[PDB]
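Engineer: Spelled out, the chains give:
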Amino acid sequence: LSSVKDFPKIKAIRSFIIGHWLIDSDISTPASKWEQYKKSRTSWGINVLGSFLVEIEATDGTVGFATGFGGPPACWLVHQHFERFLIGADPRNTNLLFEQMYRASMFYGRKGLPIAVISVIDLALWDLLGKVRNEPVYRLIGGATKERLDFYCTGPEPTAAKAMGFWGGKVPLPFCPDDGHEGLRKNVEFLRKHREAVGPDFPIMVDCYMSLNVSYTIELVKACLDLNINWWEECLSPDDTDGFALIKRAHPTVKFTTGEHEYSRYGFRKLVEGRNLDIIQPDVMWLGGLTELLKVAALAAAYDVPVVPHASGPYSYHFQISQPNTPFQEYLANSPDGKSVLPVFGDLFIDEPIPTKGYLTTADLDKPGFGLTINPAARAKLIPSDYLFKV
Amino acid sequence: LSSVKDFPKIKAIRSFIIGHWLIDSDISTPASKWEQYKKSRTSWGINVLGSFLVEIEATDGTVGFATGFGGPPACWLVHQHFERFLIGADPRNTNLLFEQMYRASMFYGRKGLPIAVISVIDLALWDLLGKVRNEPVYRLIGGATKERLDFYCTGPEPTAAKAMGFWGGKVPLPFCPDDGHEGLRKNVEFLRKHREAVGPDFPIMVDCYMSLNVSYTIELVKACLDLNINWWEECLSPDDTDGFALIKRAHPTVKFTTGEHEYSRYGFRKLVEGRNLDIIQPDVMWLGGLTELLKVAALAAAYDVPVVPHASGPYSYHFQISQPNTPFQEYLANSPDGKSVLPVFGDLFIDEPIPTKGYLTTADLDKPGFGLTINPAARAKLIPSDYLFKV
Amino acid sequence: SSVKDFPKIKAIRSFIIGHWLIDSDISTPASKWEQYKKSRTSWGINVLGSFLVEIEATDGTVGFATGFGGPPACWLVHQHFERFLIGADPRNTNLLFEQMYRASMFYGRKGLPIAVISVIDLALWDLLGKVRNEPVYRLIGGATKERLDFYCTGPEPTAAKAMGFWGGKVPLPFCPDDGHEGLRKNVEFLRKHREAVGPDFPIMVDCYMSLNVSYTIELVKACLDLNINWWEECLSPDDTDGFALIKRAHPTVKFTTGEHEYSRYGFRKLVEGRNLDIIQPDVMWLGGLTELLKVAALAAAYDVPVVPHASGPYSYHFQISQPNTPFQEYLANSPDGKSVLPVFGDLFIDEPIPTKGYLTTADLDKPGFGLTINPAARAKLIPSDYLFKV
Amino acid sequence: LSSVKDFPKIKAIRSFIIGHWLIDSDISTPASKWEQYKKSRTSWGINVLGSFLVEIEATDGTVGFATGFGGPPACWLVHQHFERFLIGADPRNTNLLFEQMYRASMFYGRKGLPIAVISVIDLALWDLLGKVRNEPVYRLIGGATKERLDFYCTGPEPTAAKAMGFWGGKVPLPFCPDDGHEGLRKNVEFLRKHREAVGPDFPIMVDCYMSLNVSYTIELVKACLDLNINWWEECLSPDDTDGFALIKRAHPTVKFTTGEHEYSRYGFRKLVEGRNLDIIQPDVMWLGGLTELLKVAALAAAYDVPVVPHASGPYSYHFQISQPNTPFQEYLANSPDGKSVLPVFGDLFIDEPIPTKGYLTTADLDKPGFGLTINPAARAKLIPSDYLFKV
Amino acid sequence: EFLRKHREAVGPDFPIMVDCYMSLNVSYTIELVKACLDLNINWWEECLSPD
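Protein chains in written order, with my numbering: chain A, 1 to 391; chain B, 392 to 782; chain C, 783 to 1172; chain D, 1173 to 1563; chain E, 1564 to 1614.
Bear in mind the hints are in silico, worked out from the structure with no lab data behind them. Don't be surprised by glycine CBs; every beta carbon is placed ideally from N, CA and C. Any given hint might turn out to be false.
Unchecked claim - To give an idea of the interface, some chain A residues facing chain C are shown, with a C-beta separation under 8 Å as derived from the structure:
(1) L49
(2) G112
(3) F190
(4) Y216
(5) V391
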């Protein structure tokens, strides 16, 4: 109509493959049951997929983009499956586009890698919407509910996190249930040593990276009771969310969290049912994107379950600033020693906002879209997906 | 900072008081218990509150407005309580402004009248935001998930509704539980007559306006089984949603709906819990506004429960077009005979979209904000709320 | 020394393989939208393509299997999963599954990467049978029956009946967004089939994930005089909980699911509550034969029939071997749905096909899964090597 | 057919009867209620059945065999009942032969003695299968999931277990509920001694041989809370597995196990239902055989419940090495002192693998079938069962 | 520390109750009450929103 804005449609979509303690220190993993896969996270293939970037161009030549893990496979699906839904569409139709992509990929999807593809496309749409409107994304999804974003820090050195101004520190659990009682005692001593370094009052959380079981979790938490661990994250496989009832029966005054490896509003509904998890912790680059996360967050708020997303850079920041039920978030200490903070996406972007003092403000986010500009140095690192269709 | 759009803050807020079968025909109500209150709906005071209008003016002089039921005590609360949170605020801060207004009014609110005040402010905010942006509200809340909105019609003549091309007709139940087995027999014959008037194929739904109980509903539904009633609406008091389990135990192939007189995300979580309700039916002018409605809709979407909100003009149309789980919409045949459709806000606007052929399109909603302009003839009728503060 | 020295895995190779099913009226999750409801290809049911994995042992015995998954599946084979396989004893089926499942857990658990694991696992079992000169069914518990009885999936259950199949499964044409007209037309579609085949021939209805609880309850009510044998995949695999509500409404009516569910953890939910009369795993999709055997055993503790998706020999060797596996599906993949073609087309020369509606143990008495690649179709095998040329 | 192996069918079946602290020390039993059955385990008749051995012969002359408890009435049932199913059959038909035997014996079976007869026959089938193929049984049922079997040791001297190199020690509970509060404090002292003897780090488990009740268990466990007991085994009658819910309500951080006197996949589904048992512990010679234990393990694996079967020689070892959910197992200290480890079937076999250092490896199992060759010295002791059928 | 000082001022035996004026949540209530276990607080009042 000639009463309202003639918003640009989607013209073209392009995709690109992007060419220490995190892989080389002791971390308990689903694959730590086997001797040759426990010393190194790369050995069983944590870094297998790599990273990709999706650009979406509108008819006015505005380009929105986003990045995520998924790599070559992800890029293949962008063009082969999902592009048909996007070309010629109005980018403001985020509800319809998500549902179309989710429901059309349902026979091979619902969880896992196809939904990571969907997420990154969705984030690129939101980037595009911001950039057309000359507005930051957080201003399009409900405003700011706070002025300051508080952060906890994830890494092997919570003394560093404390020094930098983060309110809490998150350490990886080193040993898995297959290390037996000796591994359990060593886990206790690892955590004891961190509590003693930071003092009695600094929040310590423990990441268990999907690696434990019910019995082990119960035995481990019981042994650590005087350490005052703030929460225990991802104790069980995401296949066994039911086990949290049995953990809560044993430890009902202890906080437990999960959800980094769960997907869609249907996945997260089970996490909120029964109320056995104190925080749900979705990854916006993984679950379905920002449109779906907004639905996850509204479901959790109905039960007053905090949503504290996985460190996703600006993709999580705009979300966190905007919601009633989203109190703080994760930053990764992604320096080799774990003692300083570096940009989450490396030298891919120029203008990444970094919480050097353990926080960010709304002003830090006041750039169009998700506020990221590709480093024109690292444009040469962006390998086009063209070769994957050269059959 | 200067990278992004400089959005106008809220300058001023003004509030105004607005100065047949629906009241006079046989309708079963909560007050149908007692002899002098069952003949007329006005007698016990369905019309008691009256109507009010809220304007919100921005610093660039853009005005957004919304109307609702509430009248004089609603206007009182606008300025006495809720104005303080709003003046000087960014109108994009919808999440914040709601959470403040709700949690501040929690000592006398949560349900009912003060929440209706919050709804109208929120809707006026959305109107303003659409107007500044030169965009319809629906293009701001997720876009269009469909091109066409299909309408059923509420009133005493569903043959009329059939003739107008509405897909269904919703008739009100004439007789209450206290009219006994005679009243039930007359209820059955009432519904039987409508069925043979419209023939075997046309959807008929029955509105019980909060007025029945578990045993009576079960009896009435049983007696009407071969009349193929599509759904039974608001059979119980909103005080006893728990009875819907017992009703579903008796009649599990039969469709039951409720929610018109329920409020907040926390009210509606009950109704989605049992999955004993086939549709939930919030009133947007009543539940807390569009900002809260979107959250209710997201919770319901995780369970694939349809939200088909109350007939609220453009405020529900923009919502209905935008969601995955919002398949169709109510219109009320608010003519005296029930045989034509009238504008829902009467004289007040010049350009209400009305589905005179039983449907609306996205093109009908393609005007800035909620797309209503006040009729300048009716501007005499709106009386400033100043007098209510002259103590 | 006293025991056989079994060959270890030497190498792994992968290859991309280069109508009513796509162009008739079928209800689908994407039937919500006008542009995606006439065609099944439009929203991309055919998107992934097919792939084949060969596994070669140190003695030059080659095991293989094929599935859907195509180029991104191949990619995953060499990039992720090959590291667990080279140099391993192929008899270690339990260890190799657990490694592959738990290594891929951060991006896996359901969907595409599990389809990858499945085909790898099936190829391992092919190899194991081939080394031992034995059919797979003789390695996984023997024959519990002599005869596999088939039902037929397709739009012509009269053709099914005539061909010797014991039952016929039809696709539901219209979705819940077609409204009450769609429901009436659905009822009419099913009446026509009941009337054509007569009162005693079993018909079952494939709903392909497309419905919701309320619509399913209404539709099943309207068809009650038609004596539908079962209703298959009424809900999204995201909402298996809804079957409690459906069974509350219709406890005498049979409901099935499980085609698009994955792993022993996914399937346990479908057995809890016993709201599903049959579970229907896809062996090429769920995790493979190693995991299917575990799903089957779980189910058998509660006497739930497991009746797999049509997967050719990969399901036949399963179905013949288990106590709780009473029959299975064949897909009528001729264009008219009036005859039976091979499931994998022209890729193999020696597919067993139930032209008279059954198979025997004798039909399955070939080494491994009993499939031999057509050397005319070997030129269609595109090597996956182009996908790593970055 | 002519394309595959021509596999030998079963030609013949033979059965044979085989002609300290465990019977004479303080152990709590179900029969410890009464004075004259308290001091001696033989007095109420633990030894009453005796042992038997079944040989299965194929048409190529290959013989598989297995041994278990059951003795004369077991041998009776082999030929009277079960022989009819086996002669002429393919021994690869393990799935057929179990269901046939089980469902045909259902009228007097399901649990107990006839199921023991089923187990031994099935174990002799697997031995034959391994022997014909020239492969160990574990390489036929899933391969090795681990290189090492770790053992804990069961008997009255855990310091002996510790020294021999077993990772943990399981002691029998001396006194029953009918020994009163004095018996309770005696039980507590027993256990406090053993904790003192082995020190604070060494795993101690307690066998309660079906002998306790819910209230006793709850009181005894609470009284031993300082003694960090690893698990409490078979506290309840196998008839009262529902009581574990009540025990876990009192003691949710304590581990409890059972299963030794349970039978079939249907018996065990109950134990995994509700997840009130940390470990299930079937006896492979008792529950229905290897074919059925494979199905029990799979059921348990879906809920990540450890199966740690009763000590049954190579019959357990091949199973334990093969499965994802089977972390260690049991060896019994079957010396008179309880201070050394001896073959579980005594002098019957020449080559029984014994974990003298508290472990076994996959190399130890690398003999065809279950790896047991029968001692021709002990071949005189095998009484043929023919006398039982001379009426 | 607020509540410990009140326990100490009135001594061990006098009943003290805590009004939380609808202001807490489940996690914080559970944590707070745990932290105050030796204070023998008699009851905790309106910890949760009436919603």
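Engineer: All hints, please: hold or fail.
Structural biologist: Structure-based check of each hint:
Checking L49/A against chain C by beta carbon gives a least distance of about 6 Å; that is within 8 Å, so the hint holds. Checking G112/A against chain C: minimum C-beta separation of about 5 Å stays under 8 Å; hint holds. Taking 8 Å as the C-beta cut-off, the interface hint given for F190/A is violated, the closest approach to chain C being about 23 Å. Annotation: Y216/A was flagged as interfacial toward chain C, and the flag is violated, the nearest CB pair being 15 Å apart, outside 8 Å.
The interface hint given for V391/A holds, since its Cβ lies 6 Å from the closest Cβ of chain C, which is under the 8 Å cut-off.
The earlier numbered hints that this structure contradicts are 3, 4.
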